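Protein chains: 2
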Amino acid sequence: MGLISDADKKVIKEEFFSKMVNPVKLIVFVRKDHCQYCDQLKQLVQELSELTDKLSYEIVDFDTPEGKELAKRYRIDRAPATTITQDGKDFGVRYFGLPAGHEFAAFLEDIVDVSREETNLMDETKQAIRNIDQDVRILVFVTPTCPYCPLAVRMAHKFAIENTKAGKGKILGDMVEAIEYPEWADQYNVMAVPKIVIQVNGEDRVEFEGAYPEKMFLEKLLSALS
Amino acid sequence: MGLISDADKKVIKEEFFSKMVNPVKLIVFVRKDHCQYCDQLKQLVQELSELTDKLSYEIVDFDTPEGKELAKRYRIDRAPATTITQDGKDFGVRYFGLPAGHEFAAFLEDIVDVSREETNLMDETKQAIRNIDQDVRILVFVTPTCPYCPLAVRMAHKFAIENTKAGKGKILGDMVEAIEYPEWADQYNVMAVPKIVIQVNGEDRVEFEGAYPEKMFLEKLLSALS
Ligand SMILES: [Zn+2]
Ligand SMILES: [Zn+2]
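Residue numbers (the authors' numbering), protein chains in the order written: chain A, 1 to 226; chain A', 1 to 226. A prime marks a further copy of an entry chain.
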């Protein structure tokens, strides 16, 4: 039932989904082993798609040969994962795990921006991001209780949307819910969050902790591109 | 080196350790397998004991038959764990994992209260806590980035100190650093923190999320004692 209260539904419809333009499809990858919150993720996306005719979803079994083929196409290497697409078009906007806590609002805002295919990034930032031609993966490790984590996840996602808009689609912005991916978090000594890891061509280049303002965050990414 | 800066040392000495009365001994349990931050914990306690002659420590290897005997005596069932004692006397004040983030200040405050063998708990709360005669274990799951988590950990620890003072010593207040104990956190569906689990006689009785004020927190514990 109410993973989303009826009062919440009204707010979501009025303050978020009323701003949608193009149809968005939530492609969710799940599996049978080690998916503690997979059912919650499943029901969340289903309840959200009932609030508007511009939102749809597709549940994919990562364990199947079919799911593996789809994942590869969407550059997904783990499950649970959700990529927010514009009618199936990959925008590099992904969430690994459950978007709980204030990550929920970031999830909704991401849906709107992919739908609008634009962001509120500063002009200078947009110019730089749209010029990036290298494969970049931005991992943003977060925990459910983290006031500033959403800012970092949204920044990574705005970068991905703009690069996709430019026709490159080379930036992957990945929110990673640490509680659900302990081995991955441990790999990067994640304690304080948000912890950001920028990889270029599959190799680590820059790692830092904290939600940095737009200008400083951009600077970090550009420096990793050296 | 500086897990603790020299400026930090001055603050610690002046605002915390200057208030100590009786000697405190930090008994730390470590192991070889799955102790990612064991070395950091080790160096932290060693650096802290250098700031005052009223603080000492003892590193115990949980893997050894000797360490297992000591752990049993200190009611420790996992490693890494640190119990804050008054010259070796068990006060039910434990930390499972690294006291990073603002848990560091809570760690220092706990050292002072065990040293003083008293707390700032309200009179009514003290009266009720000192009367508890049942075995109670309060688990407080936290993450490094969690503004209100320290409040809950300190409340659990103040309860343990008072019950020990009363001559009962039946309350165990356990801070559990979720990142380091994922299996344990998963067992209790820990997402939002702090998540509190109150067990009486080894069995779960009450589970809730959030730092509740003193009165409400006490109410929760008493209700589990029914
Ligand atoms: Zn409104
Ligand atoms: Zn001062």
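Wrong hints could be hidden among the right ones.
Which copy is meant is left open, so a pair is good if it fits within one copy or across any two.
[As the list claims (entries may be wrong)] With a Cα cut of at most 20 Å, we get these calculated EDC-like pairs of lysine to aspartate or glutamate:
hint	residue 1	residue 2
1	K42	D186
2	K72	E50
3	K13	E183
4	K32	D186
5	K10	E47
6	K32	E183
7	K126	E207
Simulated from the structure, these hints should not be mistaken for lab results.
Each hint tested on the structure:
When the C-alpha separation of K42 and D186 is checked against a cutoff of 20 Å, the pair qualifies only between copies, where the shortest distance is 19 Å, while the shortest distance within a copy is 26 Å. In this homomeric assembly, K72 and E50 never come within 20 Å of each other (Cα to Cα): the closest approach is 28 Å inside a single copy and 54 Å across copies. With identical chains, the CA atoms of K13 and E183 are never at most 20 Å apart, being 37 Å at best within one copy and 37 Å at best between copies. In the homo-oligomer, the alpha carbons of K32 and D186 lie at most 20 Å apart only across protomers (16 Å), although the nearest pairing inside one protomer, at 23 Å, exceeds that limit.
In this assembly of identical chains, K10 and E47 lie within 20 Å of each other by CA distance solely inside one copy; the values are 13 Å within and 54 Å between copies. Taking CA atoms no more than 20 Å apart as the test, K32 paired with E183 passes in both settings, with 18 Å inside one copy and 18 Å between copies. For a Cα distance limit of 20 Å, the shortest separation of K126 from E207 qualifies neither inside one copy, at 22 Å, nor across copies, at 47 Å.
Violated hints for the displayed structure, listed by number in ascending order: 2, 3, 7.
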